[PDB]
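One chain comes next, on its own, written out as structure tokens in the form deposited in one PDB entry.
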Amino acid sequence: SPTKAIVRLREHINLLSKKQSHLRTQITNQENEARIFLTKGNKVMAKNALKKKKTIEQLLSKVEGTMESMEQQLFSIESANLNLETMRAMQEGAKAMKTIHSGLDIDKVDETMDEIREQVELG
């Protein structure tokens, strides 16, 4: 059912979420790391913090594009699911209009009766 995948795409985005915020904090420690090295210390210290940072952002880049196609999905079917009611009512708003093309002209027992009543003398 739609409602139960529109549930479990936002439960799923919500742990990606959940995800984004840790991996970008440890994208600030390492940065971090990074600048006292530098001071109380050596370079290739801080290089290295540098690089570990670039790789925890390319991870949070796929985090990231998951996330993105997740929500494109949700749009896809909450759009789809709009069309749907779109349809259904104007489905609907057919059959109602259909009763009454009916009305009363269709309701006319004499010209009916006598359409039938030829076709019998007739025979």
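In this text, the rigid core denotes the largest set of C-alpha atoms whose superposition between the two forms falls within 1.5 Å. Numbering follows the first chain given and starts at 1. Compared with the form deposited in another entry:
- Summarising the superposition on the core between the two forms, the listed residues 89, 59, 36, 80 contain exactly one with a Cα shift of 2 Å or larger, 36.
- Taking the rigid core as fixed, one finds a CA shift for residue 117 of 2 Å or more between the two forms.
- Once both forms are fitted on their rigid core, the CA atom of residue 108 lies 2 Å or more apart between the two forms.
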Contents of the next structure:
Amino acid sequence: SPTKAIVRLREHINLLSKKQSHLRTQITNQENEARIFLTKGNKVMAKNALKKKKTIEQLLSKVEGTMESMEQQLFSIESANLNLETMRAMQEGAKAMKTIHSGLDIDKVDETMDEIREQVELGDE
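Show the other one: the form deposited in another entry, since we just had the form deposited in one PDB entry.
No partners, no molecules, just the chain.
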């Protein structure tokens, strides 16, 4: 069902937002480790901590892209559903209009209408 897909997409996005928060924390942690290494005079290990920070930032970007893709999919589904709702309302409205336009069991107005239409249109060819 559309509802099923929608709730699952939201659940997935929620989890990815938690992964986002976790990765941001890990990025700050790498910065922290780098500063401490520099205060120790170990530029090699500071650089190594910042290389890892860069890798984590790359993964954070991929998490963000995954979330965006799911949000777009969710929007598409919600939009399609509203379109279906409009379509069903229009078809039931059209049914009601047909019933009203055949509302006369008395007497032969529709056929006369069509006859006069064609007379009026006869000037066109």
